[PDB]
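Engineer: Residues per chain, in single letters:
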Amino acid sequence: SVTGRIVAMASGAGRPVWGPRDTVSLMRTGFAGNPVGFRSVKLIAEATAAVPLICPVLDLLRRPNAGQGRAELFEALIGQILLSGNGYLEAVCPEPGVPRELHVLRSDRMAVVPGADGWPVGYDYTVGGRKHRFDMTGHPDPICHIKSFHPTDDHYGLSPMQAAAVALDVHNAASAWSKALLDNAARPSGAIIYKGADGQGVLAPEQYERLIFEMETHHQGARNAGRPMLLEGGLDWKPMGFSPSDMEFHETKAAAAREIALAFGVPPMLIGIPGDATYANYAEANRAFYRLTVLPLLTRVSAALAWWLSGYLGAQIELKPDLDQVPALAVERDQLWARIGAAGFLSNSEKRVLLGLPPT
Amino acid sequence: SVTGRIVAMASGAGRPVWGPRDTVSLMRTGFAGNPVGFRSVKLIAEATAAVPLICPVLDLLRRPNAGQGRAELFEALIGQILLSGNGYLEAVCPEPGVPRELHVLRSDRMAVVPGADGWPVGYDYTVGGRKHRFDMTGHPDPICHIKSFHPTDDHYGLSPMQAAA
Amino acid sequence: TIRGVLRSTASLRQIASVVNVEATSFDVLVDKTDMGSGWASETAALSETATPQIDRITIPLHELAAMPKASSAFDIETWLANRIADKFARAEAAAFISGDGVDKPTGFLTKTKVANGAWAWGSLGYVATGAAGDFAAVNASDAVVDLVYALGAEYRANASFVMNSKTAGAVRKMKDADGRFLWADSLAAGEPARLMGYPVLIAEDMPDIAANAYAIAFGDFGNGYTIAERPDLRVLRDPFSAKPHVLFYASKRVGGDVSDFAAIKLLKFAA
Amino acid sequence: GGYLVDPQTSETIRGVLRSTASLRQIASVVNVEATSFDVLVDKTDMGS
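Chains as they are written, first to last, in the deposited numbering: chain 1E, 24 to 78, 89 to 393; chain 1G, 24 to 78, 89 to 198; chain BA, 109 to 179, 186 to 385; chain AF, 98 to 145.
It is possible that some hints are incorrect.
What the hints assert, rightly or not - Derived DSS-like pairs: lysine-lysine, alpha-carbon spacing no greater than 30 angstroms straight-line:
| no. | chain 1 | residue 1 | chain 2 | residue 2 |
| --- | --- | --- | --- | --- |
| 1 | 1G | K180 | 1G | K164 |
| 2 | BA | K201 | 1E | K164 |
| 3 | BA | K357 | 1E | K212 |
Unchecked claim - Label pairs and their in silico Cβ distance ranges:
| no. | chain 1 | residue 1 | chain 2 | residue 2 | range |
| --- | --- | --- | --- | --- | --- |
| 4 | 1G | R163 | 1E | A224 | 39 to 47 angstroms |
| 5 | BA | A178 | 1E | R163 | 18 to 26 angstroms |
| 6 | 1E | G229 | 1G | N57 | 40 to 48 angstroms |
| 7 | BA | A291 | 1E | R163 | 53 to 61 angstroms |
Hint data in this document are derived by calculation from the structure and do not stem from the laboratory.
Beta carbons are placed, not taken as given, at the ideal position from N, Cα and C, and that holds for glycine.
One chain only, chain 1E, in its complex shape:
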């Protein structure tokens, strides 16, 4: 408010503020690059789309636009929040109330404008060199801007991939270590050293094709494994080894594959990375997933759709996750129905009102 008016004129009013430089490069190296960063976002964005909502307005959410369904919208929406900390939703309003179009604008090509009083007046969709300049100097405010929490910045989110940006580059390069080691490596299974009478001496190409053909036919392969291999004077066979055989950055990749899953908040058991057994039997780790990183994330976006879309309506609407018939929370529902169902002292209608039932 009053502090915001002072903050604007420091950065510059009326001019675009970009924020993160590398957020276009963390997507290609951290979401199209490694499977752990890929699966972690896909595990969350496909979970928030599956959660039903509680309110008309949801008829817009069920069918926002052509080729982009209800579940496909939140996968695009949360998939921008997990990737770049910012969610955007353009609304096209031919009609005054409940605009019949929603569009997830990607957050690579969007930039904020601080405006006069510190709270934003412009958003700039910049593809190529071409802009749009959406306007926020009105009441319906055609873009909801969902921020992840950022303590240092005043206009953007923190994007958990930015917090895991070291552990992505460890996991990307340790996995590419073993790829290029299997592709650039010369191990021999031995070496036939031929010194000669001198300290140095080549063998003639007559003798050399004799040496290949007795090696090609009689010594290499599975079927020639272990021939006794007569060595006359001058010749000698030094068998080479391969001293680091397995495990090239095997644990530092597996520790970095856990820190990527740590930052987005998925448990190691759901994604499939190896590791020590923290959660027990998937009734917990799936319940932990829909309680520490999905439903807090989904109740934060739905609280912004409940306020941005109510600016198009007259009456304000609440919009919250269901927190009921979501089958990962069944262990919190067994535990609460068997507690009150076994409490026989209080009567029948006195516990339908506790469990959420329509009373009789």
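Following the hints, put chains 1G, BA and AF in place on chain 1E, whose structure we already have.
Structural biologist: Coordinates of chains 1G, BA and AF only, in the frame set by chain 1E:
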């Protein structure tokens, strides 16, 4: 459909398309060669024959031909699908309805013909240098061609042995 | 945050007619003369009084290009994009005022000026001040006021002055015989921004006061000067050519000359 | 008045029409990805 008509004339209409080269050599080295590849097909092909079916027509399936029983048919049928991704069943119809012969044609010696509109018109059983040219330009279509899923090819299956080669 | 020198921003863009054009050029169509209708006689032939000869003036819609090589404290992509947009906003300002014909918009100063009172269509009109060095010594600002009142009452509905900073300096240096600052009287006033009831545009690409220079312009540039342009800015985020330097490619295309030769009047500091 | 009026152009940039028969129609093409292709023919037959 419409895309298929264009696809045909690229490969060549009226001419046989063979597909996999090595499928005759993966059988000797992967099904007669190692016990793990041998038992894996025998474990599945003897399981699909044991499963009953729900429908007359099953009277054909119970006794397809001489020396080749109901359970022996699906062992031959699935044993070609697991080995070479393709299943074939010739039907001999002296009678118009429910033809009283079924024969698992091996998929080493069978080749497809794309035909005009991309969907097949000919199948060619080639043993030695001798052909047969089964015809698909009719309604009963005397060979069922069971494909395993192949994303890159338009006429054959993927044959899990090729993936484990 | 990386800083830069803060350059002048006022650019004649906000007072001239900005037309979004998509083709290669923009053709404005102005008639050069009048209908020439006369009062008819009661017994006369009365035929073919006259017809205005029209003229197409072509806005060539040139292009502007600047090509810097890029060669984590501050982020270059946003900063260089905030510098090259400023340079494209400032380098077209010089072309709008004193640009020549070759590959760039021809500014309104380069249009073969003719002294007002002998004004024809193909030129711009000026009024002389007096002595060649500066304003007239006996009566200053008489050149300013008859520059205003030698234009035409239809264009003076929304007309503006165009100067640079140190010509508005020499205007505010004008004083009466007691030295009381004809424009913005006290030392506590500031820029009054309403010279002769009309706005002032401080455009630094105007020349300063010299022996013959046209340092003060006045006009309805909405009819006078037509800026035809394409609104976008090309952004080639180039990852090739040089591995060492990104060498971003940014271009905006823009054109413009005068559409109406009657709107703009100049002040020649000569006799 | 001659500057006032401007001509109407065609809807498509059109070209001189040249033939399409190319012997690609009658020869046999192969969908191949390589740097070379090696046909395998039999110059002579076995003695019988």
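Engineer: With reference to the structure, classify each hint as holding or not holding.
Structural biologist: Structure-based check of each hint:
A distance of roughly 22 angstroms separates the Cα atoms of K180 (chain 1G) and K164 (chain 1G); the hinted pair therefore holds under the 30 angstroms criterion. Restraint check: the Cα-Cα separation between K201 (chain BA) and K164 (chain 1E) comes to about 18 angstroms, which is no more than 30 angstroms; the hinted pair holds. A threshold of 30 angstroms between alpha carbons decides the hint, and for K357 (chain BA) with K212 (chain 1E) the separation of about 25 angstroms falls inside it, so the pair holds. Distance hint check: the CB atoms of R163 (chain 1G) and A224 (chain 1E) are about 54 angstroms apart, inconsistent with the given range 39 to 47 angstroms.
Distance hint check: the CB atoms of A178 (chain BA) and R163 (chain 1E) are about 21 angstroms apart, consistent with the given range 18 to 26 angstroms. At about 45 angstroms, the CB distance of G229 (chain 1E) to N57 (chain 1G) agrees with the hint of 40 to 48 angstroms. Between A291 (chain BA) and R163 (chain 1E) the Cβ separation comes to about 58 angstroms, which falls inside the hinted range of 53 to 61 angstroms.
Violated hint: 4 only; the structure is consistent with all others.
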